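Only one chain is shown below, in structure tokens, and it's the form deposited without its partner chain.
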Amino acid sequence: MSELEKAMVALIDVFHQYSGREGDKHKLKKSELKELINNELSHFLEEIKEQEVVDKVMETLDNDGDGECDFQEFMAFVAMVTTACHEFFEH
């Protein structure tokens, strides 16, 4: 696999790892999302230590209102954070 291909597979993997912990195994509940951010985005996003932050993040990414992050919504979240990384550095 190319680096791009590897990257795509890594997005699927991390989503499955976390989504599979509780409840619907193809969606991230707030707790799962919190830990994904805290463990796997520790360089790109401030650690979440407040309920109000978990709440706001989920509210922001949860486009279908079910209170969880599904795969499509996780893809959008990844794009948001990737874009923020891209922009953060002037080039």
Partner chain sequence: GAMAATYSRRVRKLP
The other form holds:
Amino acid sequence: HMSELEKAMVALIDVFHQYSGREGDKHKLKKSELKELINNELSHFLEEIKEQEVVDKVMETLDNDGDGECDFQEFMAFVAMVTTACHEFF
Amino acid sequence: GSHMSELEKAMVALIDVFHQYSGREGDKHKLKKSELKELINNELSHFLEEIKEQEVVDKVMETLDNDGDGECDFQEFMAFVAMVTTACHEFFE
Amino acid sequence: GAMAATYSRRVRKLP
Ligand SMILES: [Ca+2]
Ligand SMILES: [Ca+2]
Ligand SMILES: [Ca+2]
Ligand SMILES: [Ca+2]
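What would the structure be for the form deposited with its partner chain bound, given that what you showed me was the form deposited without its partner chain?
Now the full complex is given, and it begins with the chain already shown.
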């Protein structure tokens, strides 16, 4: 009987793989997959992304190995960032 | 969509499990080593081997503590979650 | 479940 914490971790993995698998490199999020993830799955925490520039900036912030995409480790840093910001408003 | 996503409910759970343990002793916004130990032993019993040696919790807290105050705050807990989740993922690809 | 032992850009309002 997995804990709530453990279930949460697995869902982090499941949603990364759902979106990263759609286009191109099936193990990474490109900008379009990233925008969709945020607009579809984070609509209650983040304002909708409507402009290219915003996706560019986010990906730029997230992409620390320079390949233009977001791998899973870079995705976790994103989740840490967001969850920590939300943690304040609770 | 309009429903809370699995991602968004995942995040809420991370917040909830933190406060449920950080609230127990001392600072209610931080995990001292005793709270951290209970968290890991009770909530990560499938992903991490149980901790019973004090040296282990000291070492884990040492790696987790970057503000240098001897306790794990939420930001530091998220880093820990990131690390653990990444490890389980590495055995999933 | 193996396991892993140990040692290893704008927020909404929201009510
Ligand atoms: Ca992809
Ligand atoms: Ca990258
Ligand atoms: Ca505490
Ligand atoms: Ca600390």
